[PDB]
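The chain that follows stands alone, in the form deposited without the ligand, written as structure tokens.
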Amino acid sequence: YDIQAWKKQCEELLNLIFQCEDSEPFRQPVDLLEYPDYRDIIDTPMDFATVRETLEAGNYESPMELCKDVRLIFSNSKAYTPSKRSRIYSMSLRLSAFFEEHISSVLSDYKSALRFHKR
């Protein structure tokens, strides 16, 4: 019932995501020089370095907030892709499946810890 355990669990999951080749297009903000119309479609850019920095600065209160930012990386990729068959979008789908498979226990354990704290 450790209410703080999610933070190191998220740090370790972000480390795995950074080791994965599929994360390369998402490790840093999208390059506006390569994609000059990016901000005409995407209102809120997000990337894994920003997620990691926000976590390390102590600026997430819960793993749900981290999960909302990670999911924004994937929805941005889906909204900017010109095709559902594109390379970068295809990498986003595999990364998303891996992230969701691993974040599920983090969220469940945190929510269970909070419910126990308030019993």
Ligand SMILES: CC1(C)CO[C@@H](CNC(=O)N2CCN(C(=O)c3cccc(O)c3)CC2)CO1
The other form holds:
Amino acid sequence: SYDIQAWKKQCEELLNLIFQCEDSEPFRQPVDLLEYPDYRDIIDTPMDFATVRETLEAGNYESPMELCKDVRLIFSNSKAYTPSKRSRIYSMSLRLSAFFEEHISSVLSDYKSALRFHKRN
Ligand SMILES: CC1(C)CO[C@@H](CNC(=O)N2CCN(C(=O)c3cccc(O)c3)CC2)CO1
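Would you generate the structure of this protein in the form solved in complex with the ligand, following the form deposited without the ligand above?
In what comes next, the whole complex appears, and the chain from above leads the way.
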């Protein structure tokens, strides 16, 4: 497909699948802080899947690369705060990241192909 706009609904559907994954439970809403009062002493830019979905629906992503950067930020934040590899949260982040990356690859490739087609002549 050379549809330049198709990534948005593809990302909406992928976020729906991520919300149905039990493994997204730790990452659905902005970090509390009452449970992690030193979170901002480690994490510069909090990110969660609800914030990514609201940013998409507001029309405040221009490309799927920008959405992908924020989703990758969720997993880097979780790694930056994980006190060890043998943490349930860390194992949840790795599985959900693998699922995300498996599904976002086509969405990025199709978008970049469509833009190249748009500027072909
Ligand atoms: C001592 C405690 C209270 C520690 O917390 C429980 C296990 N969970 C974590 O350690 N997390 C830190 C890592 N996370 C995040 O960076 C994150 C990312 C996006 C949104 C979001 O809301 C958090 C998730 C939660 C177990 O008991």
